[PDB]
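Take a look at this single chain, the form deposited in one PDB entry, given in structure tokens.
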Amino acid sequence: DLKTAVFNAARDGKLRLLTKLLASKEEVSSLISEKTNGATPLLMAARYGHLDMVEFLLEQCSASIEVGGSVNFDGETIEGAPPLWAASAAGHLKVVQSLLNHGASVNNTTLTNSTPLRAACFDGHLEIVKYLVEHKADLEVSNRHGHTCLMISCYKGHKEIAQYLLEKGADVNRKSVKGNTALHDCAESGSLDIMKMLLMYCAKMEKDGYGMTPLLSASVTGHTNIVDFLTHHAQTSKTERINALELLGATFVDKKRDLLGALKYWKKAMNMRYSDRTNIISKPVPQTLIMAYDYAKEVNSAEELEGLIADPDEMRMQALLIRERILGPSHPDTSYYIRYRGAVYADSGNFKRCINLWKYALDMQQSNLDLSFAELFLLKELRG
């Protein structure tokens, strides 16, 4: 437990202890290189910003500047992390500066292929982002999901960081492995200002792997500011606008529990559907009536909408019908909200209606293969 001694001295930065322990014992290289619970001494010194510990660990020994291990941020541990990455994630500009000035490689990644740049973008360390970019950081190295620095900056709502990255030449139209673009990240976080900034670079609106445009992503997540903006943008068609407002209404029923707000967006959508008398956009008709939906059908006229507010259970079946039509059975929100609706009926004593909804959610997710009950009793939020 000599290795464990010098390790806690570095981790905690109490330097005078380490200096005395080392100078008594060539072999010191073997000591500081001791990997204690994932972390090297260099890794813990940088992670907790002990500049002079880092400054001396490097200048005294052949201390390995690249050897990554485990580190911890807000409970979520990450692996393979070089010291430059840990300092970047934690925001220790001075540690970041001397690490680089001592020859650390600016683009060496964690296990999940996260760069120092991505880590500083995640936590909003603008000064660190500028220093990394001005010291040759590669803007386009994405993590293992293909999520870029720009995308996480947008997802986190870091406007000045996203702005700087676009000034530096970040590709605004990258897609992740799942088809996510930075426009989707703005939509999901409600970042209207950052979305407008991406449109200054002609960011293209695209469907992701789920078939979601950024307009639909804002509807799924309930960000009405994005939906209002994009339903008045020439790059969205009349039919996309109608479906986006109908889906947003469904989100208002199930996520916001706001039946009045839902009715407002459904009336807008019904108005658009009937605006041109020579080209009515009427509702698609599903193959069958569904028992779990109480055999309901979507309203197909403004007159069918005027009653609805007095009929909360009808509005709730409309919401399920809308989501299955627009999102489809392989989008995770569909079975999720079927199960949530079944749970609310269970809580009020209607177990038959609950069981039918749960059976149908289970049959749906078993029919579409290539948030469980136990689990309950998103992946962008990973610095890695």
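Numbering follows the first chain given and starts at 1. Take the two forms, find the largest set of C-alpha atoms that superpose within 1.5 Å, and that set is the rigid core. What changes on going to the form deposited in another entry:
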Second form
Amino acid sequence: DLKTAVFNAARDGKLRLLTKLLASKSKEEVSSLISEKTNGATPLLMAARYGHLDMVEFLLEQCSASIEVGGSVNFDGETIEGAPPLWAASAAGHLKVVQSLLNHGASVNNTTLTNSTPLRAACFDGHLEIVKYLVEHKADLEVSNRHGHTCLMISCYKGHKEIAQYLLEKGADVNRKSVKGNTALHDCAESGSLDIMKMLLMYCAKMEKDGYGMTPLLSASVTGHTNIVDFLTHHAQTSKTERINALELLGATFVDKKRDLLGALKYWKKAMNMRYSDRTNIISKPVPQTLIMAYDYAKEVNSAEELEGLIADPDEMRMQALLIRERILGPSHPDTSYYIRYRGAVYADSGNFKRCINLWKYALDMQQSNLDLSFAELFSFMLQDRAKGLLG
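Can I get the form deposited in another entry as well, since the one above is the form deposited in one PDB entry?
One chain, no partners, no other molecules: that is all that follows.
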């Protein structure tokens, strides 16, 4: 059929072939043929997505009526819905197509269905020259996606220094918060982007708690980026108690996520030294409400002497890490029950099924008590059909 014929010709950029298929067709008829969806996409969306500049120019000369029509595009095996041509061209990095669509009057802030702008798509994949062209053509820096994530946030998350720098030079609001309270400083802390964090602080970005109660410092401790933790624990905006807790939580991350007991001890000793540095104002460990069977009824070490006999006792270290995480992150942070379950799984693998079951029981009780990453979802995600070699 002629519908799919012109579609496939647009998708492949075959200009002479396409003009042959429209020869001696009424203006009103070709405009109906170009405005036709095929596999959820228009001929213009395909020509723009694949960077066929002469095809994009030809189609728009015929009829500009689909220039804002969003449809289905594929990026690296993922399908994105309601994407207009400008967005797809920006996401794919086709600068000349970007310039051409804007010339024909494409709307610079027309988003996908998740409210991702063309500027967001360019920031995501790091297309600096497109980011600049969009901003020079009135793209709104502060239109965020449906989670409230901004262009500055995703640039920081992806470690795109030059783009982050340019957005800042053009006046991006450094203190925007996503729906869950994420700021661009958290994105730097979660990605370990220290140079970008320093750039944000040149604009006096404020360190704030996100929806999980996490500062950028704590986010770095949770994810294990020691470069961010080292920087921020020498930053005057973090108090002594915040520094001690961040170092102790980072140690727990070394135990459970990095499986690095020597590295954990280094940070626990650093924090313990700080707890006792002022002999007149000792920061002692807080005492929890009750001892916990799943933690083997352990309690946190409270002096430098109790730390010295710890490396030969890996089981004590694993219980310390659990005590520390529950103290600092709290029961309603998803990492707390996650790492309890992970520790239980390790005991199951070593044949300690009673320890395993008590840890899993505690994690489930914790999860159910704070309700307002299941075993089945973890299992299916793990063995999900990563069909390696099927293509080649």
